[PDB]
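Chain by chain, the residues:
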Amino acid sequence: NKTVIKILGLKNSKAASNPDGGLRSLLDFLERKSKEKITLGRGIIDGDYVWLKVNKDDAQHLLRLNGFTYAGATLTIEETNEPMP
Amino acid sequence: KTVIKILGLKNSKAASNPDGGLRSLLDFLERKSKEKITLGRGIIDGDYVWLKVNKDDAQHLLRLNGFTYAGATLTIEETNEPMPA
Numbered sequence: 097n098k099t100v101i102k103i104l105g106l107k108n109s110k111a112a113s114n115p116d117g118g119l120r121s122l123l124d125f126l127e128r129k130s131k132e133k134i135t136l137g138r139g140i141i142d143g144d145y146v147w148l149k150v151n152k153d154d155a156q157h158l159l160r161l162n163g164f165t166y167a168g169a170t171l172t173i174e175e176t177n178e179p180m181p
Numbered sequence: 098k099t100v101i102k103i104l105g106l107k108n109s110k111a112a113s114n115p116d117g118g119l120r121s122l123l124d125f126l127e128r129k130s131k132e133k134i135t136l137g138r139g140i141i142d143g144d145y146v147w148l149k150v151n152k153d154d155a156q157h158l159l160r161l162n163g164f165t166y167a168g169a170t171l172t173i174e175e176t177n178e179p180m181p182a
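Protein chains in written order, with the entry's author numbering: chain B, 97 to 181; chain A, 98 to 182.
Just so you know, the hints here were simulated from the structure itself, not pulled from any lab data.
Don't take every hint at face value.
[Unchecked claim] Derived DMTMM-like pairs: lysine to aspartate or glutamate, alpha-carbon spacing no greater than 25 Å straight-line:
id: 1; chain 1: B; residue 1: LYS133; chain 2: B; residue 2: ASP153
id: 2; chain 1: B; residue 1: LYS152; chain 2: A; residue 2: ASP142
id: 3; chain 1: B; residue 1: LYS102; chain 2: A; residue 2: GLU174
[What the hints assert, rightly or not] Residues of chain B placed beyond 10 Å of chain A at every Cβ, according to the derived structure:
id: 4; residue: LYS107
id: 5; residue: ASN108
id: 6; residue: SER109
id: 7; residue: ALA112
id: 8; residue: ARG120
id: 9; residue: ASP124
id: 10; residue: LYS129
id: 11; residue: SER130
id: 12; residue: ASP144
id: 13; residue: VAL150
id: 14; residue: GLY163
id: 15; residue: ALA167
id: 16; residue: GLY168
Positions of the beta carbon are idealized from the N, C-alpha and C atoms, including for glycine.
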């Protein structure tokens with residue numbers, strides 16, 4: 097089944113000044129870093145978080161990337177049963 | 098010494114505990130291993146539980162990978178990641 101992932105720290109990063117807030121570049125970075133071949137299509141920014149809806153296997157791959165540094169900011173990745181905003 | 102990462106406590110019923118269910122989890126791990134293991138240093142960081150243990154202890158903990166605790170599937174893994182302060 098599907099799962100919701102929250103990513104924190106993009107706003108604090110250097111990528112934040114981008115037109116889209118650095119959203120796509122973040123998702124692109126996550127795809128490269130996992131090396132499991134994760135595919136991130138749609139993501140959104142609500143509040144300080146970046147929200148992703150993914151399958152169970154994908155969720156584990158993202159959680160592995162927790163604590164990595166992106167654009168000069170530490171990424172915090174969390175699984176949640178919260179409804180997608 | 099070895100570092101162990103545990104995932105799935107947040108999804109469990111013990112998550113609502115005062116200490117996040119850390120103590121109940123470690124208590125469960127000690128009993129389930131049947132080695133009469135003593136778990137010294139542990140912490141909750143993000144969705145993960147971190148444990149610092151000797152090598153033989155790690156093997157018994159690793160056997161419990163995939164087991165269900167408090168209604169949540171546990172993913173137990175060894176890592177060379179530094180333990181967070």
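Right, here's what the structure says about each hint:
1. Among the hinted pairs, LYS133(B) with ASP153(B) is consistent with the structure: their alpha-carbon atoms are about 11 Å apart, no more than 25 Å.
2. Between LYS152(B) and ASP142(A), the direct Cα distance comes to roughly 21 Å. Compliance with the 25 Å bound is thereby established for this hinted pair.
3. Among the hinted pairs, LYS102(B) with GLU174(A) is consistent with the structure: their alpha-carbon atoms are about 22 Å apart, no more than 25 Å.
4. Here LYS107(B) stays apart from chain A, with its beta-carbon at least about 18 Å from theirs, past the 10 Å limit.
5. With 10 Å as the threshold on Cβ separation, the claim that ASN108(B) sits away from chain A holds: the shortest Cβ distance comes to roughly 16 Å.
6. The Cβ of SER109(B) lies farther than 10 Å from every Cβ of chain A, with a closest approach of about 18 Å, so its non-interface assignment holds.
7. Distance to chain A confirms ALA112(B) as a non-interface residue, since its nearest Cβ pair spans about 21 Å, more than 10 Å.
8. Every CB of chain A lies more than 10 Å from the CB of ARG120(B), the least distance being 24 Å, so the non-interface label holds.
9. For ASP124(B), the condition that its CB be more than 10 Å from all CB atoms of chain A holds, with the nearest at approximately 23 Å.
10. Listed as a non-interface residue, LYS129(B) keeps its Cβ farther than 10 Å from every Cβ of chain A; the least gap is roughly 14 Å.
11. Under the 10 Å C-beta cut-off, the non-interface status given to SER130(B) relative to chain A holds; the minimum distance is some 16 Å.
12. The beta carbon of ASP144(B) sits about 15 Å from the closest Cβ of chain A, which is more than 10 Å, so the claim that it is off the interface holds.
13. In this structure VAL150(B) is separated from chain A by more than 10 Å, as the shortest Cβ-Cβ distance comes to about 14 Å.
14. Residue placement check: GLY163(B) does not keep its beta carbon more than 10 Å from all beta carbons of chain A (closest about 7 Å).
15. Non-interface call for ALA167(B) relative to chain A: holds, since the shortest CB-CB distance, roughly 20 Å, exceeds 10 Å.
16. The beta carbon of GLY168(B) is kept farther than 10 Å from every beta carbon of chain A, the shortest such distance being approximately 19 Å.
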